[PDB]
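A single chain comes next, written as structure tokens; it is the form solved without its partner chain.
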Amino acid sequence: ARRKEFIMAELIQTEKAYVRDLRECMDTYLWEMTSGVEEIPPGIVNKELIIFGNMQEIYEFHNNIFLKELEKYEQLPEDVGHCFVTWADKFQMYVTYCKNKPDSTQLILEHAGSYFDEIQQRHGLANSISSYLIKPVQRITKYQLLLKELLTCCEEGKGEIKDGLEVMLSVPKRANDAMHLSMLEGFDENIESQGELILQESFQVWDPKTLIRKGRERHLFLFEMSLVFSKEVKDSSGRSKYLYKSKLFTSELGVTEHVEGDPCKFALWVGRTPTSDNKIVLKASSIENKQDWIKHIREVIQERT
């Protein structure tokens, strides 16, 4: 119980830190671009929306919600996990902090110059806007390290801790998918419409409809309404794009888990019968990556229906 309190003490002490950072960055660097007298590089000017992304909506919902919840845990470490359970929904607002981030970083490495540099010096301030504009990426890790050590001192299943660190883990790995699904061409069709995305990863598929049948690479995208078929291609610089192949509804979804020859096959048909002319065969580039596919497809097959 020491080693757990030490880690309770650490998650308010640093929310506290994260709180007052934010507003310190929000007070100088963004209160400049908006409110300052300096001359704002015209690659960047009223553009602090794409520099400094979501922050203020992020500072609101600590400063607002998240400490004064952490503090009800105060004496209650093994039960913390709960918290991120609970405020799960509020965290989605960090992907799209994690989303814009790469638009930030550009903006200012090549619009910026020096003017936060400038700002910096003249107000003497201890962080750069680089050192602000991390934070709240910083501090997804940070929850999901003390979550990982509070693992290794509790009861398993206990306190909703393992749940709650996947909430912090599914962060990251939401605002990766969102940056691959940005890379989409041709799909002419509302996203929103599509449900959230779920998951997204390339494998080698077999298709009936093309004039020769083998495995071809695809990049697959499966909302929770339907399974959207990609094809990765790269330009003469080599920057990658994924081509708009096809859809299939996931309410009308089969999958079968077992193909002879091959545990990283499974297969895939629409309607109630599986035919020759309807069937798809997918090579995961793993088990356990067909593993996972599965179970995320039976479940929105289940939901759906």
Second form
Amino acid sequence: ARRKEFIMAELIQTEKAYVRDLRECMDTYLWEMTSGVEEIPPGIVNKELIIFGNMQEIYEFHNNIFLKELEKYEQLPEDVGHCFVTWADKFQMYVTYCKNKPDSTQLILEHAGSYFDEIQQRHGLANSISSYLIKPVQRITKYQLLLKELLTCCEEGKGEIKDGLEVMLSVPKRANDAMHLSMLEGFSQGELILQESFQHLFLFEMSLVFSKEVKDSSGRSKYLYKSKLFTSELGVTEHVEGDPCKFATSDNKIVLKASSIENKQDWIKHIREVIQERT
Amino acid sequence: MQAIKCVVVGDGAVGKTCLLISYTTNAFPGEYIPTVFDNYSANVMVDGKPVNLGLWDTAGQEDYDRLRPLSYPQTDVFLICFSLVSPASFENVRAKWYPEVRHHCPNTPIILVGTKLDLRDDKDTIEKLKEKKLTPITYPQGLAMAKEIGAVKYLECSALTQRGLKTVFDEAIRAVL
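To complete the pair, please output the form solved in complex with its partner chain; the form solved without its partner chain was given just before.
Full assembly next; the chain just shown is listed first.
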């Protein structure tokens, strides 16, 4: 129970620090761009939406809703999982943030020069703009670790912790999946369930897309679309002959090879999910 | 005074967060080890030369291969960490961490760090590994891995006792200076 109090205190205090961090970033770096006195580089002028992404939407969520909700469960650590479940929909905004991040970074390093470093010096700020801008990415990835710690000092049959944990593993997974999807070249329609490389695959609700990782003439690494299959053909084989997992009236033509045993288990379960869904 | 950005990477079992908390904090092993280490910045003295050392943890990002590189741009030095009592984490240095870091950061120095040095001689730990036909990672094996991945330095440390801890970060700074 003492362990439980420490975990809950950390969750709440780091939530407060996170909200403060977002507020500081918007009060300083953002405000200087929109309303500041000093000259702004021509390459970043009026591009605050690219640089800061949907930070304001994220701040509003945590400041208006999520921190208040967490503080309500302050002495009910067993039941805090429900909070993440209830507000699961709002965390989708982190997919938007993460997808935009590479564009923010590029705009800063190529066009901002020392503009933000000067603001940092002037405001006596410990954190650089890049330090603030990574914080939502770190945060969305920390919730699951805190929920895991709670899960361990609680017992089976009492929580909703597990349900909250499931949600908070799903959000960064979806953000990560979306980054991979944006790399697809040569290829609505349906929700992305899994992505992974085999012998790169994108499994949607009603489509199964095969790709090959290559580099552009510009040197940009991406996935070249090769082939696609609809919802029908399933092949359940886990074992070969002392090797990793390989799977598919049917023939031997269909060969898919996963790296680990756990990853193999995922795809089987998840393809079957949308075989019964489409029928 | 130049600023240095140092990013700590490695498997979840490695104790990245503990390492950072132990380094930055007085009287480290408290009743509770925190899950979150927020981005840290402080002036450190190395060989009579002040530097602003920036430290970023990556704990929690181990399963998200497109989220991790969001932290990489402008990194001056990486700590690639493995646990000396986890052969799995050691294998992921060559199979996962090195390839990834070198892909995004071709010319950035790497310090290879073996963590949990205090457990290497722990009877119960050795026995638990023995049951899996495994052995703790020895110093020569670590050195060999460092040369294999072109690390500027191989170092071993314990977050718990703080043995070797200061040297890790001194050497990370020296790799940049």
